[PDB]
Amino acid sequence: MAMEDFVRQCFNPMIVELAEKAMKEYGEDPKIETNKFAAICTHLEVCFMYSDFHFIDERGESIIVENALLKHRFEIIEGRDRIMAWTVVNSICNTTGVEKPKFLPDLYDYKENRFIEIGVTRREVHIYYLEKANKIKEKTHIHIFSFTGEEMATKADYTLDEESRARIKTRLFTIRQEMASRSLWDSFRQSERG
(Lines of atoms letter the chains of each structure in order from A and count residues from 1; the text may use other names and numbers.)
(Lines give C-alpha, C1' and ligand atoms only; values in the text may rest on other atoms or scores of the structure.)
(Ligands and ions follow the chains in the order given, each with its own letter.)
Protein backbone atom coordinates (compact mmCIF):
# COMPACT_ATOMS: atom_id res chain seq x y z
CA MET A 1 0.00 0.00 0.00
CA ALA A 2 1.29 3.48 -0.97
CA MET A 3 0.79 6.01 1.91
CA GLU A 4 -1.45 7.99 -0.52
CA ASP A 5 -3.96 5.14 -0.82
CA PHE A 6 -3.64 4.51 2.89
CA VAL A 7 -4.82 8.10 3.53
CA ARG A 8 -7.70 7.82 1.16
CA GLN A 9 -8.88 4.61 2.75
CA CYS A 10 -8.15 5.69 6.34
CA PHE A 11 -9.89 9.10 6.46
CA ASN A 12 -13.31 10.45 5.67
CA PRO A 13 -13.57 11.84 2.15
CA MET A 14 -14.45 15.27 3.52
CA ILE A 15 -11.15 15.46 5.53
CA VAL A 16 -9.24 14.20 2.47
CA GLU A 17 -10.76 16.83 0.15
CA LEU A 18 -9.97 19.63 2.48
CA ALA A 19 -6.41 18.33 2.94
CA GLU A 20 -5.84 18.00 -0.81
CA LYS A 21 -6.94 21.57 -1.51
CA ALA A 22 -4.79 22.98 1.27
CA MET A 23 -1.66 21.29 -0.05
CA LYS A 24 -2.24 22.31 -3.72
CA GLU A 25 -3.04 25.89 -2.82
CA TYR A 26 0.22 26.14 -0.86
CA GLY A 27 2.13 24.64 -3.73
CA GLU A 28 2.51 21.01 -2.48
CA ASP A 29 1.46 17.77 -4.06
CA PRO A 30 -0.22 15.15 -1.90
CA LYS A 31 1.04 12.47 -4.33
CA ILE A 32 4.63 13.66 -3.48
CA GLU A 33 4.46 14.72 0.22
CA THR A 34 2.47 11.76 1.37
CA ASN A 35 3.43 11.76 5.02
CA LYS A 36 2.53 15.47 5.14
CA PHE A 37 -0.82 14.56 3.47
CA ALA A 38 -1.45 12.01 6.25
CA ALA A 39 -0.39 14.51 8.99
CA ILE A 40 -2.75 17.16 7.63
CA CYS A 41 -5.65 14.72 7.62
CA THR A 42 -4.83 13.53 11.11
CA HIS A 43 -4.73 16.96 12.64
CA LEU A 44 -7.96 17.89 10.91
CA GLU A 45 -9.61 14.70 12.10
CA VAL A 46 -8.54 15.38 15.70
CA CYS A 47 -9.86 18.91 15.63
CA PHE A 48 -13.25 17.57 14.42
CA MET A 49 -13.19 14.68 17.01
CA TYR A 50 -12.36 17.21 19.69
CA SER A 51 -15.63 19.13 18.93
CA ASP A 52 -17.75 16.02 18.19
CA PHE A 53 -20.74 15.36 20.46
CA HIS A 54 -20.04 18.31 22.77
CA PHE A 55 -22.84 20.70 23.53
CA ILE A 56 -23.84 23.13 26.25
CA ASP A 57 -27.09 22.35 28.09
CA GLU A 58 -29.61 24.69 29.74
CA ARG A 59 -27.35 24.99 32.81
CA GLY A 60 -24.41 26.12 30.63
CA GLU A 61 -22.75 22.78 31.55
CA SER A 62 -20.82 20.57 29.14
CA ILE A 63 -22.89 17.66 27.81
CA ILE A 64 -22.08 14.82 25.41
CA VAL A 65 -24.71 13.69 22.97
CA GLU A 66 -24.21 11.23 20.22
CA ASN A 67 -26.44 19.25 13.09
CA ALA A 68 -29.95 19.14 14.72
CA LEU A 69 -28.61 20.37 18.10
CA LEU A 70 -27.45 24.00 17.96
CA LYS A 71 -25.66 24.81 21.27
CA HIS A 72 -22.15 23.62 20.38
CA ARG A 73 -19.43 23.75 22.96
CA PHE A 74 -16.67 24.44 20.31
CA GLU A 75 -16.51 26.61 17.15
CA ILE A 76 -14.32 24.85 14.61
CA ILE A 77 -11.84 27.31 13.03
CA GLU A 78 -9.45 24.75 11.42
CA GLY A 79 -10.42 23.66 8.02
CA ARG A 80 -11.89 27.05 6.91
CA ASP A 81 -10.21 29.45 4.43
CA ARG A 82 -8.41 32.40 6.13
CA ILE A 83 -11.13 34.92 5.21
CA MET A 84 -13.77 32.89 6.98
CA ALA A 85 -11.49 31.79 9.82
CA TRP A 86 -10.71 35.45 10.61
CA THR A 87 -14.40 36.33 10.21
CA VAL A 88 -15.38 33.72 12.82
CA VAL A 89 -12.60 34.78 15.19
CA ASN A 90 -13.66 38.47 14.98
CA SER A 91 -17.30 37.64 15.59
CA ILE A 92 -16.31 35.52 18.63
CA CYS A 93 -14.12 38.40 19.95
CA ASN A 94 -16.98 40.84 19.21
CA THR A 95 -19.43 38.80 21.18
CA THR A 96 -17.59 37.24 24.15
CA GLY A 97 -14.96 39.92 24.48
CA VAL A 98 -11.94 37.52 24.61
CA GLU A 99 -8.71 38.88 23.14
CA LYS A 100 -8.14 38.47 19.45
CA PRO A 101 -5.24 36.12 19.00
CA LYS A 102 -2.47 37.07 16.51
CA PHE A 103 -2.31 33.53 15.00
CA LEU A 104 -5.41 31.55 13.99
CA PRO A 105 -6.30 28.83 16.50
CA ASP A 106 -8.02 25.58 15.85
CA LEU A 107 -11.13 25.87 18.05
CA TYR A 108 -13.00 28.24 20.37
CA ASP A 109 -14.38 26.71 23.57
CA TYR A 110 -17.58 28.61 24.55
CA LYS A 111 -17.49 26.99 28.03
CA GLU A 112 -14.04 28.22 29.20
CA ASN A 113 -14.12 31.17 26.82
CA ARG A 114 -10.75 30.51 25.26
CA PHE A 115 -9.22 29.59 21.92
CA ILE A 116 -7.44 26.27 21.64
CA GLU A 117 -4.49 25.17 19.55
CA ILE A 118 -4.39 21.41 18.81
CA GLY A 119 -1.21 19.57 17.88
CA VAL A 120 -0.78 15.91 16.98
CA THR A 121 2.83 14.70 17.19
CA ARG A 122 4.99 11.73 16.47
CA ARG A 123 7.91 13.32 18.34
CA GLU A 124 8.22 13.78 22.10
CA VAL A 125 5.16 15.84 23.26
CA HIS A 126 7.16 18.73 24.68
CA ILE A 127 8.43 19.55 21.25
CA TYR A 128 5.20 20.42 19.48
CA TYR A 129 4.07 22.18 22.70
CA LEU A 130 7.22 24.39 22.72
CA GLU A 131 7.01 25.18 19.03
CA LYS A 132 3.53 26.44 19.60
CA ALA A 133 4.02 28.25 22.94
CA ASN A 134 6.92 30.14 21.23
CA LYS A 135 4.59 31.76 18.72
CA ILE A 136 1.58 32.27 21.03
CA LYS A 137 3.90 33.92 23.66
CA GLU A 138 -0.80 33.99 25.22
CA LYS A 139 -4.49 33.42 26.03
CA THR A 140 -4.55 30.47 23.57
CA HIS A 141 -4.79 27.15 25.36
CA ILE A 142 -2.57 24.42 23.85
CA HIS A 143 -3.33 20.66 23.79
CA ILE A 144 -0.99 18.23 22.12
CA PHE A 145 -1.73 14.58 21.51
CA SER A 146 0.81 11.90 20.51
CA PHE A 147 0.63 8.59 18.88
CA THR A 148 2.03 7.01 22.08
CA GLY A 149 -0.86 7.99 24.29
CA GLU A 150 0.83 10.94 26.05
CA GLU A 151 -0.78 14.37 26.11
CA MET A 152 0.45 17.81 27.16
CA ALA A 153 -1.87 20.72 27.73
CA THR A 154 -1.55 24.18 29.20
CA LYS A 155 -1.56 24.10 33.03
CA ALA A 156 -2.25 20.37 32.80
CA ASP A 157 -5.90 21.32 32.05
CA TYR A 158 -7.10 18.86 29.38
CA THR A 159 -10.47 20.58 28.68
CA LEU A 160 -12.30 17.40 27.70
CA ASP A 161 -13.61 14.50 29.80
CA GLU A 162 -11.54 11.36 30.09
CA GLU A 163 -13.72 9.40 27.63
CA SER A 164 -13.44 11.92 24.75
CA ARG A 165 -9.69 11.97 25.26
CA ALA A 166 -9.59 8.18 25.15
CA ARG A 167 -11.62 8.19 21.91
CA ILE A 168 -9.07 10.56 20.21
CA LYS A 169 -6.21 8.48 21.54
CA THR A 170 -7.84 5.27 20.37
CA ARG A 171 -8.19 6.71 16.93
CA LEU A 172 -4.49 7.63 16.91
CA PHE A 173 -3.57 4.18 18.29
CA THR A 174 -5.43 2.55 15.33
CA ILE A 175 -3.90 4.84 12.76
CA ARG A 176 -0.41 3.87 14.09
CA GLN A 177 -1.17 0.06 14.23
CA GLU A 178 -2.55 0.07 10.63
CA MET A 179 0.35 2.06 9.22
CA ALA A 180 2.81 -0.33 11.07
CA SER A 181 1.12 -3.51 9.80
CA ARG A 182 1.72 -2.12 6.27
CA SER A 183 5.28 -0.88 6.85
CA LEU A 184 4.32 2.77 6.69
CA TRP A 185 4.80 3.76 10.30
CA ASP A 186 8.61 4.06 10.32
CA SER A 187 8.75 6.56 7.47
CA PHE A 188 5.76 8.56 8.84
CA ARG A 189 7.31 8.61 12.34
CA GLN A 190 10.55 10.10 11.00
CA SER A 191 9.13 12.74 8.67
CA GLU A 192 7.71 15.23 11.20
CA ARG A 193 9.73 18.48 11.17
CA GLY A 194 9.93 21.56 13.39
The other form holds:
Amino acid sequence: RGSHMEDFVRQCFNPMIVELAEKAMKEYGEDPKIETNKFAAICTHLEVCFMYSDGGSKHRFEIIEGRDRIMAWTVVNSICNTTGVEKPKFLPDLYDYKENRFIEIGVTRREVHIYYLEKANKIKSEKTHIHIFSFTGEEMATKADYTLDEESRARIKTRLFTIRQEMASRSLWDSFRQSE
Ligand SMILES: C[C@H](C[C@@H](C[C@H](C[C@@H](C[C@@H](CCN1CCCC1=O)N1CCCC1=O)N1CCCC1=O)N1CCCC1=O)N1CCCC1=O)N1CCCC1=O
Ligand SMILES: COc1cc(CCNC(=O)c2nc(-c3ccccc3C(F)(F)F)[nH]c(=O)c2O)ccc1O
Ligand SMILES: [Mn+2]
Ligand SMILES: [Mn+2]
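Having seen the form solved without Hexa Vinylpyrrolidone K15, please provide the structure of the form deposited with Hexa Vinylpyrrolidone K15 bound.
Up next: the whole complex, starting with the chain shown before.
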Protein backbone atom coordinates (compact mmCIF):
# COMPACT_ATOMS: atom_id res chain seq x y z
CA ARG A 1 0.00 0.00 0.00
CA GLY A 2 3.04 2.24 0.46
CA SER A 3 1.65 5.50 1.87
CA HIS A 4 3.94 8.25 3.14
CA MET A 5 1.54 8.64 6.08
CA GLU A 6 2.10 5.08 7.29
CA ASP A 7 5.89 5.42 7.09
CA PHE A 8 5.80 8.66 9.09
CA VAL A 9 3.58 7.08 11.76
CA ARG A 10 6.07 4.24 12.28
CA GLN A 11 9.02 6.65 12.31
CA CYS A 12 7.31 9.21 14.58
CA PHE A 13 5.45 7.13 17.18
CA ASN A 14 6.54 4.55 19.73
CA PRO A 15 6.63 0.93 18.45
CA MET A 16 4.40 -0.22 21.31
CA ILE A 17 1.90 2.53 20.50
CA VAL A 18 1.95 1.60 16.80
CA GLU A 19 1.35 -2.05 17.72
CA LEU A 20 -1.52 -1.13 20.06
CA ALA A 21 -3.05 1.16 17.44
CA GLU A 22 -2.71 -1.59 14.83
CA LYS A 23 -4.53 -4.06 17.09
CA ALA A 24 -7.23 -1.49 17.84
CA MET A 25 -8.01 -0.79 14.18
CA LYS A 26 -8.05 -4.44 13.12
CA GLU A 27 -10.30 -5.20 16.10
CA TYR A 28 -12.87 -2.80 14.60
CA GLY A 29 -12.44 -3.70 10.92
CA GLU A 30 -10.02 -1.05 9.65
CA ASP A 31 -6.56 -1.46 8.10
CA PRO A 32 -3.75 0.95 9.06
CA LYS A 33 -2.37 0.64 5.51
CA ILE A 34 -5.28 2.41 3.77
CA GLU A 35 -6.94 4.34 6.63
CA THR A 36 -3.62 6.06 7.28
CA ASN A 37 -5.15 9.35 8.45
CA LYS A 38 -6.98 7.32 11.08
CA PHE A 39 -3.79 5.34 11.82
CA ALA A 40 -2.05 8.58 12.80
CA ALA A 41 -5.04 9.58 14.93
CA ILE A 42 -5.34 6.52 17.19
CA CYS A 43 -1.56 6.67 17.61
CA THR A 44 -1.88 10.30 18.72
CA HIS A 45 -4.85 9.49 20.97
CA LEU A 46 -2.95 6.55 22.47
CA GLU A 47 0.14 8.61 23.30
CA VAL A 48 -1.93 11.44 24.80
CA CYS A 49 -3.81 9.01 27.05
CA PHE A 50 -0.49 7.53 28.17
CA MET A 51 1.08 10.92 28.91
CA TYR A 52 -2.11 11.82 30.80
CA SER A 53 -1.95 8.76 33.07
CA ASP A 54 1.75 9.50 33.62
CA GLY A 55 0.84 12.92 34.99
CA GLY A 56 0.01 13.12 38.66
CA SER A 57 0.80 10.30 41.07
CA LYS A 58 2.56 7.15 39.93
CA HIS A 59 -0.80 5.51 40.71
CA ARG A 60 -4.03 7.56 40.64
CA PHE A 61 -5.04 6.52 37.10
CA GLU A 62 -6.32 3.23 35.66
CA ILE A 63 -5.72 2.94 31.92
CA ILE A 64 -8.69 1.68 29.91
CA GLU A 65 -7.62 2.57 26.38
CA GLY A 66 -5.03 0.24 24.89
CA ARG A 67 -6.65 -2.95 26.17
CA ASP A 68 -8.78 -5.38 24.20
CA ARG A 69 -12.49 -4.61 24.04
CA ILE A 70 -13.30 -7.49 26.40
CA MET A 71 -10.46 -6.76 28.82
CA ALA A 72 -11.14 -3.01 28.91
CA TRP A 73 -14.79 -3.63 29.78
CA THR A 74 -13.77 -6.11 32.49
CA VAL A 75 -11.72 -3.39 34.21
CA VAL A 76 -14.52 -0.81 34.25
CA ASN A 77 -16.79 -3.56 35.59
CA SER A 78 -14.38 -4.02 38.49
CA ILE A 79 -14.02 -0.26 38.94
CA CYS A 80 -17.79 0.29 38.99
CA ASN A 81 -18.50 -2.69 41.28
CA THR A 82 -15.83 -1.38 43.70
CA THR A 83 -16.37 2.40 43.88
CA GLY A 84 -20.12 2.37 43.18
CA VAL A 85 -19.73 4.59 40.11
CA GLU A 86 -22.41 4.10 37.47
CA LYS A 87 -21.51 1.95 34.47
CA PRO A 88 -20.63 4.14 31.45
CA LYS A 89 -22.49 3.21 28.28
CA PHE A 90 -19.37 3.76 26.14
CA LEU A 91 -15.80 2.68 26.79
CA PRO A 92 -13.82 5.49 28.49
CA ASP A 93 -10.06 6.07 28.37
CA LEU A 94 -9.01 6.35 32.04
CA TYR A 95 -10.40 6.34 35.56
CA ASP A 96 -9.39 8.82 38.27
CA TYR A 97 -8.91 7.13 41.63
CA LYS A 98 -8.32 10.58 43.15
CA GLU A 99 -11.58 12.12 41.86
CA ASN A 100 -13.68 8.93 41.49
CA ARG A 101 -14.70 9.43 37.86
CA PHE A 102 -13.99 8.08 34.40
CA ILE A 103 -12.20 10.34 31.92
CA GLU A 104 -12.85 10.55 28.17
CA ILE A 105 -9.78 11.99 26.44
CA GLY A 106 -10.25 13.70 23.08
CA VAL A 107 -7.74 14.88 20.49
CA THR A 108 -9.32 16.95 17.72
CA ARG A 109 -8.41 18.94 14.62
CA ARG A 110 -11.40 21.29 15.03
CA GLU A 111 -12.18 23.72 17.84
CA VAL A 112 -12.58 22.27 21.33
CA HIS A 113 -16.20 23.46 21.38
CA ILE A 114 -17.59 21.16 18.68
CA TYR A 115 -15.76 17.95 19.65
CA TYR A 116 -16.80 18.47 23.27
CA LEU A 117 -20.41 18.97 22.17
CA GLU A 118 -20.37 15.80 20.05
CA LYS A 119 -18.65 13.84 22.83
CA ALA A 120 -20.92 15.21 25.56
CA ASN A 121 -24.03 14.45 23.49
CA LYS A 122 -22.85 10.87 22.99
CA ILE A 123 -21.64 10.49 26.60
CA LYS A 124 -24.51 8.85 28.49
CA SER A 125 -24.95 11.12 31.55
CA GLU A 126 -22.41 13.82 32.44
CA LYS A 127 -20.89 11.55 35.11
CA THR A 128 -17.84 10.71 32.99
CA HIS A 129 -15.35 13.57 32.86
CA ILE A 130 -14.44 14.88 29.40
CA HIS A 131 -11.03 16.36 28.60
CA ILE A 132 -10.35 17.62 25.06
CA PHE A 133 -7.00 18.52 23.52
CA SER A 134 -6.21 20.23 20.23
CA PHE A 135 -3.30 20.36 17.79
CA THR A 136 -3.21 24.16 18.25
CA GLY A 137 -2.58 24.11 22.01
CA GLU A 138 -6.20 24.54 23.09
CA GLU A 139 -7.91 22.38 25.70
CA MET A 140 -11.31 22.11 27.37
CA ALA A 141 -12.44 20.03 30.35
CA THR A 142 -15.68 19.40 32.20
CA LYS A 143 -16.54 22.12 34.75
CA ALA A 144 -13.08 23.59 33.99
CA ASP A 145 -11.61 20.77 36.12
CA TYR A 146 -8.53 19.87 34.06
CA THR A 147 -7.54 17.11 36.53
CA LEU A 148 -3.77 17.48 36.09
CA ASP A 149 -1.54 20.43 36.85
CA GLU A 150 -0.57 22.92 34.15
CA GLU A 151 2.87 21.37 33.59
CA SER A 152 1.67 17.91 32.54
CA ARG A 153 -1.00 19.36 30.25
CA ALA A 154 1.48 21.78 28.66
CA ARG A 155 3.68 18.94 27.38
CA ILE A 156 0.72 17.11 25.82
CA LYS A 157 -0.01 20.38 24.00
CA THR A 158 3.67 20.70 23.06
CA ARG A 159 3.85 17.10 21.82
CA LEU A 160 0.68 17.65 19.76
CA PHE A 161 2.16 20.69 18.00
CA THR A 162 5.37 18.79 17.22
CA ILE A 163 3.34 16.08 15.48
CA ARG A 164 1.51 18.76 13.48
CA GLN A 165 4.83 20.36 12.55
CA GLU A 166 6.47 17.09 11.49
CA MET A 167 3.41 16.29 9.37
CA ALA A 168 3.24 19.66 7.62
CA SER A 169 6.98 19.36 6.96
CA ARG A 170 6.17 16.15 5.06
CA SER A 171 3.12 17.74 3.35
CA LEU A 172 0.71 15.47 5.23
CA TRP A 173 -1.02 17.91 7.60
CA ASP A 174 -3.53 19.21 5.05
CA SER A 175 -5.02 15.78 4.32
CA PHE A 176 -4.97 14.97 8.04
CA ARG A 177 -6.92 18.08 9.05
CA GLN A 178 -9.62 17.61 6.38
CA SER A 179 -10.43 14.02 7.33
CA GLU A 180 -11.92 14.30 10.82
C1 LIG B 1 9.90 3.78 27.76
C2 LIG B 1 8.57 4.35 28.27
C3 LIG B 1 7.56 3.21 28.44
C4 LIG B 1 6.30 3.74 29.13
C5 LIG B 1 5.12 2.80 28.86
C6 LIG B 1 3.79 3.50 29.16
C7 LIG B 1 2.63 2.75 28.49
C8 LIG B 1 2.02 1.62 29.35
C9 LIG B 1 2.52 0.27 28.81
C10 LIG B 1 1.46 -0.83 28.65
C11 LIG B 1 1.81 -2.01 29.56
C12 LIG B 1 1.77 -3.32 28.79
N13 LIG B 1 0.69 -4.19 29.24
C14 LIG B 1 -0.10 -5.05 28.35
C15 LIG B 1 -1.36 -5.40 29.13
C16 LIG B 1 -0.92 -5.39 30.57
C17 LIG B 1 0.21 -4.39 30.61
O18 LIG B 1 0.62 -3.86 31.59
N19 LIG B 1 0.07 -0.42 28.89
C20 LIG B 1 -0.90 -0.18 27.83
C21 LIG B 1 -2.27 -0.30 28.48
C22 LIG B 1 -2.05 0.20 29.90
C23 LIG B 1 -0.60 -0.20 30.18
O24 LIG B 1 -0.12 -0.31 31.26
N25 LIG B 1 2.33 1.72 30.77
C26 LIG B 1 3.15 0.77 31.51
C27 LIG B 1 3.49 1.43 32.85
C28 LIG B 1 2.40 2.47 33.07
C29 LIG B 1 1.85 2.74 31.68
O30 LIG B 1 1.17 3.66 31.38
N31 LIG B 1 3.81 4.88 28.69
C32 LIG B 1 3.59 6.07 29.53
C33 LIG B 1 4.17 7.24 28.74
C34 LIG B 1 3.96 6.86 27.30
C35 LIG B 1 4.02 5.34 27.30
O36 LIG B 1 4.23 4.66 26.36
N37 LIG B 1 6.53 3.87 30.56
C38 LIG B 1 6.67 2.75 31.53
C39 LIG B 1 6.49 3.39 32.91
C40 LIG B 1 6.90 4.82 32.75
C41 LIG B 1 6.67 5.13 31.30
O42 LIG B 1 6.61 6.22 30.83
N43 LIG B 1 8.07 5.32 27.33
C44 LIG B 1 7.64 5.04 25.96
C45 LIG B 1 7.63 6.38 25.24
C46 LIG B 1 7.36 7.40 26.32
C47 LIG B 1 7.91 6.75 27.59
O48 LIG B 1 8.16 7.30 28.60
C1 LIG C 1 -14.76 2.42 15.39
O2 LIG C 1 -13.92 3.46 15.79
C3 LIG C 1 -12.91 3.07 16.67
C4 LIG C 1 -13.23 2.64 17.94
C5 LIG C 1 -12.23 2.26 18.83
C6 LIG C 1 -12.58 1.79 20.24
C7 LIG C 1 -13.07 2.89 21.17
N8 LIG C 1 -12.75 4.20 20.63
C9 LIG C 1 -12.35 5.27 21.52
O10 LIG C 1 -12.31 5.10 22.69
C11 LIG C 1 -11.96 6.62 20.96
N12 LIG C 1 -11.81 6.76 19.54
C13 LIG C 1 -11.43 8.07 18.98
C14 LIG C 1 -11.29 8.19 17.47
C15 LIG C 1 -10.02 8.27 16.92
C16 LIG C 1 -9.87 8.37 15.55
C17 LIG C 1 -10.99 8.38 14.74
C18 LIG C 1 -12.26 8.29 15.29
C19 LIG C 1 -12.42 8.19 16.66
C20 LIG C 1 -13.82 8.10 17.28
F21 LIG C 1 -14.09 9.25 17.96
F22 LIG C 1 -14.78 7.90 16.33
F23 LIG C 1 -13.85 7.06 18.17
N24 LIG C 1 -11.17 9.24 19.86
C25 LIG C 1 -11.31 9.09 21.29
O26 LIG C 1 -11.12 9.99 22.03
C27 LIG C 1 -11.71 7.78 21.85
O28 LIG C 1 -11.84 7.64 23.23
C29 LIG C 1 -10.90 2.29 18.42
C30 LIG C 1 -10.58 2.71 17.13
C31 LIG C 1 -11.59 3.10 16.26
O32 LIG C 1 -11.26 3.52 14.97
MN1 LIG D 1 -10.93 5.38 24.25
MN1 LIG E 1 -10.87 9.25 24.04
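Numbering follows the first chain given and starts at 1. Whichever C-alpha set is largest while still superposing within 1.5 Å between the two forms counts as the rigid core.
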property	result
Cα shift between the two forms at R8, which is computed once both forms share a superposed rigid core (Å)	0.2
After superposing on the core, C-alpha shift for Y26 between the two forms in angstrom	2.2
